[PDB]
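J.: If you want the building blocks of each chain, they are given just below.
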Amino acid sequence: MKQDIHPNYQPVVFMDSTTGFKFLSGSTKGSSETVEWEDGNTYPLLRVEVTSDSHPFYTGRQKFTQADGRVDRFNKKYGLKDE
Amino acid sequence: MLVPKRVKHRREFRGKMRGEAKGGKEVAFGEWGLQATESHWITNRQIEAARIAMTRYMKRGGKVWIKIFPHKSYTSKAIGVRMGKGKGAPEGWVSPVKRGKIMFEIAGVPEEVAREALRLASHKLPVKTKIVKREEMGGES
Amino acid sequence: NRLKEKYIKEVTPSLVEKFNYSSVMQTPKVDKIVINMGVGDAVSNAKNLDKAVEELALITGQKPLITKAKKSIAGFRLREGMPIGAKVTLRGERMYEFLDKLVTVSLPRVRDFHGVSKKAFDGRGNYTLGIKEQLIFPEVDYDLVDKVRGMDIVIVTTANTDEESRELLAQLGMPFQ
Amino acid sequence: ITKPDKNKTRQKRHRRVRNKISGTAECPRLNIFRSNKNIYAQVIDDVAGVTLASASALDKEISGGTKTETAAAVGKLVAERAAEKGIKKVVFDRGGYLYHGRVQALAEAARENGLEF
Amino acid sequence: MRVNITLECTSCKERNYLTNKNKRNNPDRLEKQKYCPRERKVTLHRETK
Amino acid sequence: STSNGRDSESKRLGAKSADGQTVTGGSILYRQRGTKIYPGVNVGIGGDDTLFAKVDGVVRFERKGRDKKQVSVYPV
Amino acid sequence: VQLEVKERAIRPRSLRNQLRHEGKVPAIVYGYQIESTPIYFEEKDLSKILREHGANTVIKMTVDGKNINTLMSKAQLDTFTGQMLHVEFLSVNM
RNA sequence: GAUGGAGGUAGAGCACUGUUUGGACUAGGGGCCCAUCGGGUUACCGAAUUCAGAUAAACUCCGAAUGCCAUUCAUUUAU
RNA sequence: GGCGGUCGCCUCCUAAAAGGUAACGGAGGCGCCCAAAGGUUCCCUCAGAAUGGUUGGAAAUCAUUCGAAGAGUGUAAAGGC
RNA sequence: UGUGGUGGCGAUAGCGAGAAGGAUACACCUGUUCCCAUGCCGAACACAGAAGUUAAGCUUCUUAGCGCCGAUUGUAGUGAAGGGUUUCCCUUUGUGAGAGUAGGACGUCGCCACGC
Ligand SMILES: [Zn+2]
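Residue numbers (PDB author numbering), protein chains in the order written: chain 1, 1 to 83; chain N, 1 to 141; chain F, 2 to 178; chain P, 2 to 118; chain 3, 1 to 49; chain X, 18 to 93; chain W, 3 to 96.
Just so you know, the hints here were simulated from the structure itself, not pulled from any lab data.
Treat the hints with caution; some may be incorrect.
[What the hints assert, rightly or not] Straight-line alpha carbon distances no greater than 25 angstroms define the calculated DSS-like cross-link-like pairs of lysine-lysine that follow:
| id | chain 1 | residue 1 | chain 2 | residue 2 |
| --- | --- | --- | --- | --- |
| 1 | P | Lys61 | P | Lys38 |
| 2 | 1 | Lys2 | F | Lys33 |
| 3 | W | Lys76 | N | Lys98 |
| 4 | N | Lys25 | N | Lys5 |
| 5 | F | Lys119 | 1 | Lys63 |
| 6 | 1 | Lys22 | F | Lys10 |
| 7 | F | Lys7 | 1 | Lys2 |
| 8 | F | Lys148 | F | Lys30 |
| 9 | F | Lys48 | F | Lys33 |
| 10 | F | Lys64 | F | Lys33 |
| 11 | W | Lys8 | N | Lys130 |
| 12 | F | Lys52 | 1 | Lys2 |
| 13 | W | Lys62 | N | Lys133 |
| 14 | X | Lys81 | P | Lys13 |
| 15 | P | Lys38 | P | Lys21 |
| 16 | N | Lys22 | W | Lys50 |
| 17 | F | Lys48 | F | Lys10 |
| 18 | W | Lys76 | N | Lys22 |
| 19 | F | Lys64 | F | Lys88 |
| 20 | F | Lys48 | 1 | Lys22 |
| 21 | F | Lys102 | 1 | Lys22 |
| 22 | 1 | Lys2 | F | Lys69 |
| 23 | F | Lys30 | F | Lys52 |
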């Protein structure tokens, strides 16, 4: 680490609509809101909308949409009409 | 006037040779081969005519390798030019053959075809040729 | 950081199991991370690194270097001494901070996601993760970033084969497919 | 990834340095050795290769820790044992290192206590 | 573009040395600290004019 | 009408003092062009790689293993 | 098996030029049993075994006693005459 | 006559530069792929790659006979 | 003889393994550049090839591995490093 | 004895492939406040120490796949002396390579400290 040639950085709290994953750092700062012990006396300005759970991939693939029923189209729309 | 073989040179005027003697270079691949027994050059054409007169009285191909190739270049002046100024233009090619060397080699046909062809060929070269076969080893392979 | 904790408390015993090292020293680690922002346009317009290096300083925590030209190419119009690319190396805790960023916030900001390609083995395990854009990280803003450059993350390990590295990175994020 | 075995590079720099002067006729050589924990020294001659006086970081007699303390101590011991046999024209072999105190403090300790560079 | 040039002592006024430069790389008179023989002491030398 | 027949002068390289000879201080030994014979005991190299002697004495050529050769002067 | 094997001279002078005009082959043997001694041979003797046996059978040298099982290694003969020169032998054990 | 040395000649040799003839192969290209993914097919071949076999004045991993330079050396001779 | 070409300097070959050696013999360059491309004291090792990786192209920057030299040396060629 | 340091001798000492080890020693490693450092980066270099470990380096041992050193022979070539065609060849006399190859070889010698 040299001097005067490295930008700002602080252990800014990360957060989201859930999960309070308040441990990481960053380089964007501002209005102080979380000076707390359990984490860094820092900022939750990072209110990213991805918990690493929004995209159901780290929470595993969900059934968020289907997008599954093409066969019943002929087999239910006039297939309810069938039987 | 047909061009059998040539090269890519890197040099044009080469000092004319000096041929002394040789021994070795026995049969390599085929079963029947020539053997020049003198000291002389050999032009491009002579080898070409030899290859033709071997192919024709052969048939169905039969393995035939041309175990020599012109490398060195040639030169000449024009008639009516007094001696003097720098070397003349280059025209031709030549690869000198000492005695003992082996020019051609064949296999794939019984001797009668072989000696037929390899006596037809030896009338196109200024060398006193001979005839030898692929002889013997500790392992023929 | 939390990773180092999680690392020395979970990764070491699990991996010591899955291969039975005669010594814990035999562990496959993570060594460094290098970042590669190739402008490729300074020869045309040298007024692009002027912002590339800035966006970098924002992504990492340090100002990048500036790689030279090293040779001369006409179809490219390359003369030696010209700058084309700018890099940073990550070590120490910042490694883990930035990798936490990647696995936890950065990666899941990319549209139409399936995960990382399963094939960056190199037969020696230094997996890379190409990126198209640079609008991903929250350290970057809409009306301030006016290009679509990319980087080439080159993570390195101490593994010899690729399965060790794969199932290691599995323990440390890397949402594969 | 491999790691370059650090003693090798210092060996190489040593071999380049040594190429300037050993000259250990009657103005015999000095020496130096690092480690993770200790420091050693000998006063050597050529062509014999037979040293004349030695010392030891933590093998004979010292006070402090692996630093100038140990360094200066060893240097004092070297210079004392040297003038015993009457040597005042040593040629200092840098080894393959620099001057920053584990070698430099050793050096100047060797100077004052009675050896001439 | 190159020119044979003569340095000269800034104190004793002796044209002591001779050398050459590129009159468009370095368009300023040179200043080197050569050694004068007339007084046996280093002396700021300046290009002739 | 040629464009040849251009030549330089000779420069007369080649050793100028054999072995077992008694050489006085200063003499030349083996005029080179680039290093072909590394110098040795009391032998010094000049600007154009020539090899002179520093002390009076006797010459002997030897070899440095596989690399190259040497000259040196062992005074009496 | 009971052959024409005898002695020779170290570096004999142009006595060799005539050795090639009167039917002689300067031959050699160096190997395991006994170290190295130049040794006679000509062209008609061994071709008997060659035709009878072939091209690699165990060849034995004699002073009418124990044998040297030579395994003749290389002989690239002087061309333009089709006759043997420089027969480089070799000898191994069982 | 004896001993020590400098140097790349006549050989001959493919380790480098050139020149080069066959065998194998795939590196995959060669007009299509054969086709509106299974192998790119017939064919061309260089290198990646190899197995043999050739040649040089401005090619050398090597290299004599001779001359040449020296010696508090020896024997005859006489410059 | 003329008409053509050449007239000084450096490198290779011819040159017959000390040095020297012609030809209107076979091949190339020179009539400068550099205030650092010098002096000194520290430190470092190349061309490639394979394998991965946005724009990226067969060929830019990167990363890993193999690599005695196949690089580089202001300028022509030998000899060196 | 072993281990560390430090020199000579043509790589016959090397390359490659495989096993063993940690008392001391060496090294890996724990860190940056401190002299010192990064054309960004305690990786390098420099400093502060001993949590942990022989996985690696590292030293000991095995191996003729590769790299090297190779005799005695034969053959090419040649000084001197001759003889034929004089493009070339041949014979006495003195010397005699390169290729090929038996074989050797997984070092030898010297010093200083430590303790078992
Ligand atoms: Zn003055």
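J.: Run the structure past the numbered hints and jot down the numbers of the failing ones, going up.
T.: 7, 8, 9, 11, 13, 15, 16, 17, 20 and 23
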